[PDB]
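Novice: Residue-level listing of the chains:
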Amino acid sequence: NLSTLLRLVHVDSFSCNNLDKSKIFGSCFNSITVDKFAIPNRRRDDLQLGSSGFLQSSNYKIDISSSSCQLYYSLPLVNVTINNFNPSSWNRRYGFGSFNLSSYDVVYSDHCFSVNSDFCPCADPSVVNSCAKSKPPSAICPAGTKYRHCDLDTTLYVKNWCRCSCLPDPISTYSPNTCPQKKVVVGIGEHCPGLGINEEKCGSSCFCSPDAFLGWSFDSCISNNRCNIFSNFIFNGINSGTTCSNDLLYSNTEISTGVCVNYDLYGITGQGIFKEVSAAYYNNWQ
Amino acid sequence: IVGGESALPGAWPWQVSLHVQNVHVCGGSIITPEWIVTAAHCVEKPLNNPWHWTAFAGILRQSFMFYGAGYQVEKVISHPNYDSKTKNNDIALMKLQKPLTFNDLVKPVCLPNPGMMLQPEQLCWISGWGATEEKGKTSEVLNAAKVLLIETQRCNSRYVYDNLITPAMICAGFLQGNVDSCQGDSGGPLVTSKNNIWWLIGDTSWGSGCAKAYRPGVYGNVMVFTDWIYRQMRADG
Amino acid sequence: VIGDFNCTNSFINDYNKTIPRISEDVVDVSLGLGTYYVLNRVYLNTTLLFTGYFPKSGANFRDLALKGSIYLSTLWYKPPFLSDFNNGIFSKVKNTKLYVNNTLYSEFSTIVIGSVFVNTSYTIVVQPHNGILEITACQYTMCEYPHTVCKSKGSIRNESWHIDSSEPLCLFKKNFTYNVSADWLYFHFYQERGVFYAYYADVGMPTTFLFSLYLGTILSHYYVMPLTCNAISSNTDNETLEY
Ligand SMILES: *[C@@H]1O[C@H](CO)[C@@H](O[C@@H]2O[C@H](CO)[C@@H](O)[C@H](O)[C@H]2NC(C)=O)[C@H](O)[C@H]1NC(C)=O
Ligand SMILES: *[C@@H]1O[C@H](CO)[C@@H](O[C@@H]2O[C@H](CO)[C@@H](O)[C@H](O)[C@H]2NC(C)=O)[C@H](O)[C@H]1NC(C)=O
Ligand SMILES: *[C@@H]1O[C@H](CO)[C@@H](O)[C@H](O)[C@H]1NC(C)=O
Ligand SMILES: *[C@@H]1O[C@H](CO)[C@@H](O)[C@H](O)[C@H]1NC(C)=O
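Chains as they are written, first to last, in the authors' numbering: chain C, 355 to 557, 563 to 645; chain T, 256 to 492; chain B, 14 to 256.
FYI, nobody ran anything at the bench for these hints, they're computed from the structure.
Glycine included, each C-beta is placed from N, C-alpha and C at the ideal position.
Among the hints, a few may not be true.
Straight line, CA to CA, 30 Å or less: simulated DSS-like cross-link-like pairs of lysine-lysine [what the hints assert, rightly or not]: (1) C:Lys513 / C:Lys487; (2) C:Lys536 / T:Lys401; (3) T:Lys449 / T:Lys401; (4) C:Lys513 / T:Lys392.
Under 8 Å between C-beta atoms, here's a sample of chain T residues computed to sit facing chain C [to be verified]: (5) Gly432; (6) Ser463; (7) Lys467.
All chains should be built: construct the whole structure from the sequences, respecting the hints.
Specialist: Right, dumping it as structure tokens:
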């Protein structure tokens with residue numbers, strides 16, 4: 355029911371794309387997919403219908419070629435919590451923890467990177483021994499992944515000078531093709547594979568420093584002592600399925616006694632006069 | 256030359272290879288038919304006695320003669336303020352005893368005038384006889400590649416050279432790699448396209464490998480040494 | 014073969030005997046057994062002559078309950094176990110009570126009614142979950158070897174009769190409750206003019222109304238899934254399955 359949804363939720367703005375709100379009040383669909391996430395205060399303009407912002411590039415992409423709606427509602431700050439979890443798999447493989455931020459704070463991704471399975475931010479310590487200038491730390495990488503690519507070469511008089519890849523940082527590197535970490539853009543219904551990891555602060564087992572994870576920021580979402588959360592509704596098919604409306608023609612009207620009224624009760628037609636009479640012979644199925 | 260292609264017999268008559276002891280070692284370029292411009296690191300003390308030097312022109316594949324059909328170098332003039340440690344002022348001049356009359360596929364390149372107003376990311380071309388991928392042999396055929404000029408301020412970063420480029424030297428190539436010259440590409444004509452005429456503005460002096468990341472090529476800037484070349488020509492006659 | 018999908022092929026027997034059982038004490042309508050109340054109508058003190066689908070006085074029953082321990086059988090999913098839903102059936106089932114740590118658990122078999130038991134058709138399933146009847150009629154994906162395991166005194170197998178990665182289109186879904194400590198349960202199923210009806214009763218002679226659904230087709234077949242368990246043997250507590 356549309357009336358019950360907008361009443362129990364403090365709706366602030368509701369707009370639909372490629373769909374009219376007139377046909378929503380009474381129809382039949384196949385399925386409804388709902389996506390919910392918080393709204394950053396500074397990035398509040400990146401949720402428009404078409405924008406190359408930080409949210410639509412690394413957090414969530416909004417499809418345009420499908421009939422969908424946008425719901426902007428607020429939630430009270432009492433008895434509420436925000437879950438900040440990293441959906442990346444290879445990042446937590448090398449010992450990733452949490453952002454460790456204060457309450458009422460959300461984490462958004464602006465620089466996302468995608469790597470393959472054969473990837474290890476760790477160098478072979480047997481090779482780094484012959485290095486004197488810009489010697490990176492090294493440790494034992496688990497099996498199945500190649501070590502960090504580093505080369506030893508002399509320029510004019512420096513015998514021990516080792517050069518590696520992903521310098522200075524994967525966010526802004528001079529040779530993106532040499533570094534295995536490559537920038538990626540999230541698609542329709544896809545998360546970010548992972549964030550950039552500073553190889554200079556990585557590596563016992565290869566354990567990157569918590570400050571080496573770059574390519575993310577945070578911002579508060581408090582507005583009028585309330586938190587802003589976005590909701591997106593996508594309809595799959597129309598004039599079919601079983602997910603129909605309720606307030607189309609039956610809005611739970613009141614019983615009007617005294618005058619004769621048409622009957623559509625449980626599949627029966629006719630007219631008659633109503634009269635309230637106290638009875639107790641009815642059961643829970645009659 | 257790495258990542259390039261074989262140079263067709265077009266119009267590139269500004270590459271002269273110097274042969275000593277019947278084997279190619281270093282190349283050079285010509286600006287006037289009385290001198291040869293090349294690097295100075297191959298003109299060290301063990302490489303004295305310029306009488307044992309020959310020059311070939313208009314020869315793409317390095318097999319057309321044997322101890323003959325060449326131009327004997329009369330005298331070689333090098334830069335007096337040359338340092339063997341930092342490799343600064345690495346420009347040498349070789350004078351031929353032959354007139355070298357102009358003919359087909361024989362056309363020198365004019366010197367760059369002061370105030371060229373070169374673009375930062377200017378396009379350039381390289382050519383020479385060197386290895387193919389890494390630590391290879393001398394290429395039998397002539398190959399060429401395309402390079403770009405990078406800024407000296409970006410070339411002096413602590414991760415690429417750590418401030419080891421003098422103001423008389425410039426950097427060029429690609430920071431991503433796969434385009435660089437290996438050992439054996441001494442001298443080399445670094446020309447560019449401007450005003451429908453090529454200008455020799457670079458000269459390969461030294462390098463750190465080829466096709467390696469964060470290790471671009473080093474080319475000598477002949478802009479400062481423009482007055483030094485004119486002084487040697489006037490003092491000759 | 015019930016469905017058209019592969020559930021499992023682990024230790025499947027070839028054939029067996031599997032003779033049906035016929036019982037005594039035929040129906041007696043002299044007290045109310047075999048009849049059912051009206052759909053949603055209340056009839057006061059009077060005599061009504063109703064023309065409906067009722068069983069014949071003096072008819073025998075057939076035991077279709079199947080119990081397995083380790084191995085299944087191919088003939089279990091073949092006639093005459095796969096009867097025809099001509100006009101309707103009347104079932105008299107009992108709740109198998111199991112006592113574990115002074116706790117009462119009652120489970121019985123599952124009835125499945127349909128037409129061809131395929132994705133492009135509808136299928137009605139009524140399975141009990143510790144006193145909760147889940148009557149759903151969706152377009153499930155039935156496999157060639159449907160079965161169901163017991164919750165209390167679980168077997169060494171897993172319940173797997175349908176596999177679907179997404180929720181299919183369903184026309185009816187609602188749960189019902191009944192007395193767990195009951196002794197016998199009765200059900201009525203029949204169709205007329207393209208609509209389907211269902212009835213259930215835990216205590217008493219007549220039967221109560223459940224729902225009425227419109228399908229537009231004509232169902233022809235029905236089958237009763239076997240209940241694989243371990244506490245329905247002779248060495249365990251003496252109790253059998255009857256349907
Ligand atoms: C239930 O219905 C029966 C059948 O009509 C009723 O029995 C008759 O009721 C009328 C009305 O009082 C009497 O005149 C007849 O003598 C009754 N006949 C018999 C055989 O008993 C019965 O009274 C009804 N019960 C009620 C209304 O409580
Ligand atoms: C009818 O009852 C069953 C059993 O309690 C419900 O099935 C449960 O559904 C929830 C929600 O998906 C699951 O978390 C449980 O695991 C299910 N239990 C079992 C035993 O399958 C079913 O949802 C109920 N139907 C309705 C319409 O409420
Ligand atoms: C007409 O009859 C109905 C039902 O008997 C009654 O409810 C209504 O009050 C009557 N109208 C008037 C004007 O008395
Ligand atoms: C269930 O059956 C038991 C035993 O007959 C009875 O005591 C109990 O009242 C019944 N419960 C209901 C809700 O009918």
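Novice: If a hint holds in the structure, say so; if it does not, say that too.
Specialist: Consistency of the hints with the structure:
Restraint check for C:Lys513 and C:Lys487: satisfied, since their Cα atoms lie roughly 10 Å apart, inside the 30 Å limit. With a C-alpha separation of about 26 Å, the suggested pair C:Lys536 and T:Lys401 falls inside the 30 Å cut-off, and the hint holds. Restraint check for T:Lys449 and T:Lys401: satisfied, since their Cα atoms lie roughly 15 Å apart, inside the 30 Å limit. Annotation: proposed proximity of C:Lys513 to T:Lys392 holds, straight-line Cα distance about 24 Å (limit 30 Å).
Evaluation of the T:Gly432 hint against chain C yields a held restraint, the C-beta minimum of about 6 Å falling below 8 Å. The beta carbon of T:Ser463 is positioned within 8 Å of a beta carbon in chain C (closest approach about 4 Å), and the interface hint is therefore held. Interface restraint check: T:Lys467 against chain C, minimum CB-CB distance 6 Å, threshold 8 Å, status holds.
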